[PDB]
Structure formats: structure tokens, C-alpha cells
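Missing here: one protein chain of the complex. Every other protein chain is in place.
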Amino acid sequence: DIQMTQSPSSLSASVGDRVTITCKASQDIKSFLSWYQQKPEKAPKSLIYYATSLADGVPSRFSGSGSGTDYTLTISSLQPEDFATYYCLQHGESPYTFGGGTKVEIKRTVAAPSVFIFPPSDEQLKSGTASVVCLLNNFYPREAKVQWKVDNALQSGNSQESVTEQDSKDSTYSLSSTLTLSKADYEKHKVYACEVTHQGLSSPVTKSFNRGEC
Amino acid sequence: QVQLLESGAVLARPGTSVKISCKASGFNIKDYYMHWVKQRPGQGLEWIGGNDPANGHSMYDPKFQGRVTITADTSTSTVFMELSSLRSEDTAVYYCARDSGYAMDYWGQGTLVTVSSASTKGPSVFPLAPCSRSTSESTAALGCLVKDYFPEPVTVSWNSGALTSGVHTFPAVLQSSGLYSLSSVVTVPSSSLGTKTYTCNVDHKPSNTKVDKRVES
Partner (left out) sequence: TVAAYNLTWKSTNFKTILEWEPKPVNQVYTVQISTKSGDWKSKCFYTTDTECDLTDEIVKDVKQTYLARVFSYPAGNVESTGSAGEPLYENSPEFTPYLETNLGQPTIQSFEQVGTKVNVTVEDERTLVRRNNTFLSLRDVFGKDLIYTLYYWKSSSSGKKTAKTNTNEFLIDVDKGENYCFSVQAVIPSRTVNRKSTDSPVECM
């Protein structure tokens, strides 16, 4: 069986840039390496096959290179319609294997998130569960660390995050982190805080409230 | 013109089977190799297996061997993928793809197979409002938590569609209960609070849920 290691998993670029994506196979695949592009909710599309052959109608901005175990997909004069996810595929022998994918996203100046915390509503508490929400609004880059602290105790395993796709207007991201506790566990503590770490912030930012005081 | 049309979305219970299809047109499937590729929510592409309709040979990735069967029907230009002993990890979009030899040159638009034991359920909609209306900032965030529904999706609007700017409605997350949950937030002028009413309108068609939730501190 052949393993494909694709890198980087993510890359930031601006219109006009030249970017390079790499796939390394665990053994010589004799150029049976192809590349695909895929946009949100769309099926993949063939870009390059047999390592360097450009598929019918695919823009010349896409080129591929390599033999043996190492291959590259290069995108030149990067255009807006080129921000998407790319995958390589080894299919000279089964089992066929795809690389892990590379998402090419839009670079822009750093933007610190505006942070907000929301306590569980009385309505929800009355049903026996408390959801506490922390919002990181319009930031860049994507990388952010959100930690939940209950009475200064770091939380773990009881929260979920969701991140939006890069804003079409300002290229920023927004993210939510939801802490879920039974009403019982929620009522045995007082301070609920959200700590945000992000490149645009000189020091971690914290938002919190005290149970019942809203 | 070459096209691959996948059968519709399907919901299945854990442990059961599902059989999806792909209708080919604009070429003879016996001239190619037809494959199936899956993509779990937010994950990459993964090869499941394929079939050569000229001779009936089917190839399957070792991880699926035993519970996947790929067949073709040349008289109807249709290829099928049947998957059994369905489990959560099987929830994904499945694509039909044509292998020309050097490339998966044509792909279908994908069929979503949802494997879950959950029953149709409308969401509870809770307000997301700051502890206190206070704020010394000229901008404030408000929102609605749309929790515990199945299946996807729900749609959210603000003020019946009059408020669209500054809204972020987040991708839903699957909770361990097997029910989805999502938040929708919006930033508005702090000077508008307590005078301008802000309500989220939540629509969940499967459960006929249509809720308007006013949000305020």
C-alpha cells in the first residue's frame, strides 16, 4: 500500500502570488499522480494528471512537476477563483490514495478578534442544561486559542467550536466556542470566563460573568 | 457531453445498509473504470473502491472490504455502491468518479449519506445576550443559540430578513447526543439597544419549526 503525505495542510496567499503544494509518496509511483481542486460543497475537479499534464481547459496558472516519490502542484498568478482546497491522488495501483489536502486561503493584515461571552438563558437553565457561548468576531489569521475557565479551573472535553469560512468582504474569520454543562454542574460554580489567545492580541483577552448576576 | 448523476441524499440507521447509485451518460461505462470516493464533514477525500464494468472486477480499500459492494449495470449505465453495517463514521458525501486511466476526469456532484439513530426534532432557540445592556463600546453582539435539532439544516434570519449586515451564522456542530446545534450572531450599534428590537427567525423544515426569538439583555 502507498502512503501520500501532502503539505502544507494550509497556506496563505495573495492574488498574483505563486504557491507550491507538495505530495510525497511512500514509494516511487512512476508519475501516476494527479491533482484536484475542490471548492465548498462542490465535487472535486481534475487539474493535472500523470504528474505534469494539464487537463483539458484547466488554466495555465496550474502546473505540476515531479517523478519518483516527490511531486508538486504550483499555482502562478494566483487568482480569486483559485482559493480552494487541493488534493493529490496516487492511482497507479490500488488501494488508491489521496493526500490529506491543502487549503489555500486569503492573506490579509492581522486583525484581532472582538470577543464576547454569553451566559446560558433562564429559559435554557429551566430545562436542565446550561450553554455558555464565547464569540471571536472578525479576526485574522484563523489560528486562535479559546480556553474555558470555570472558577479559574481550565475546562476540557466539554466545549465545541465552529468557525465560519473566510468572509467574502473582509477576509476575516469568526468563531464560536460553546461550553455545555448540566444545570447541576453549572450551579456549583460562579465565575465563567473565556480566555482568547490570538496573534492580534498583545496578551490573552478574557471575558466572563458571574452565575446568576445577569 | 459526459455526466455522472448521483442518487439522492439518504438517512440510515446504524447497523443497516444503504445502496446509492450513479447514472452515467455521454459515454459507455464499460469503456472506463468507475470509482467511489467519500468525504466526511470537514475532512478530505478517501477512496472507497471502484469497478471495471467491462469485466465486473471490483476493487475495495482494505478498510472497507467486507462491507462494501460496488456493482455496475451496463444496460442502464448505472454504477452502485452498497455499504452495510453502517456506522457514524459512514456519514459523508459519496462521489461517483470516472477513471480514464491517468485521471479521475469526471465526478458526480455527490450524495450525502447520513447515518444516525436520532429522530426528527425541532430546535430549542435561546437568546444570546450580554449579561448587562451596559457596554461602553459603540458596538454590541447579540445572537441566538439554535440547539438540539435533527436533521440538518436550519435557516436563520434576523428581523425577518431586514438585518443581514454583520450577521455570522455558524456551521452546525454534531453533539455527542447525535443532535446538531448552531449559533447565529450579529453586531449592531450599541445606541440601538433597548429601542431597536432584534429577533432571530429560525426555520427547521423537517420538524415544521418556525420560531421567532426576541433577543435583549
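Labels A and B are assigned to the chains in the order they are written; within every chain, residues are numbered from 1.
Note that in this section contacts are C-beta pairs under 8 Å (C-beta built on N, C-alpha and C of every residue); 3 or more make two chains touch, one makes a residue touch a chain.
> Can you say which of B:3, B:28, B:119 or B:134 touches the chain missing from this structure?
Touching the chain that is not displayed is residue B:28.
> Which of these touches the unseen chain: B:100, B:109, B:159 or B:190?
Reading the full complex, the residue touching the unseen chain is B:100.
> Just to verify: which one of B:57, B:205 or B:214 makes contact with the chain not shown?
For the chain that is not drawn, the touching residue is B:57.
> Tell me, which residues in chain A touch the chain that this view leaves out?
Interface with the chain not displayed, on the chain A side: 30, 32, 50, 91-94.
> Considering the whole complex rather than only what is displayed, give the residues of chain B touching the chain that is not shown.
That gives, for chain B, the contact residues 27-28, 30-33, 52, 54-55, 57-60, 65, 100-102.
Throughout what follows, only the chains that are shown with their structure count from here on.
> Can you work out the whole-Å distance between the CA centroids of chain A and chain B?
Once rounded, the distance between the two centres reads 17 Å.
> Going by the contact rule at the top, pick out the chain B residues touching chain A in the complex.
That would be residues 35, 37, 44-47, 50, 59, 61-62, 95, 97, 99, 102-110, 124, 126-132, 139, 141, 143, 145, 147, 168, 170-173, 175, 181-183, 185, 187, 217 of chain B.
> With touch defined as at the start, can you tell me which chain A residues reach chain B in the complex?
Touch residues, chain A against chain B: 1, 32, 34, 36, 38, 42-46, 49-50, 53, 55, 87, 89, 91, 94-101, 114, 116-121, 123-124, 127, 131, 133, 135, 137, 160-164, 174-176, 178, 180, 209, 213-214.
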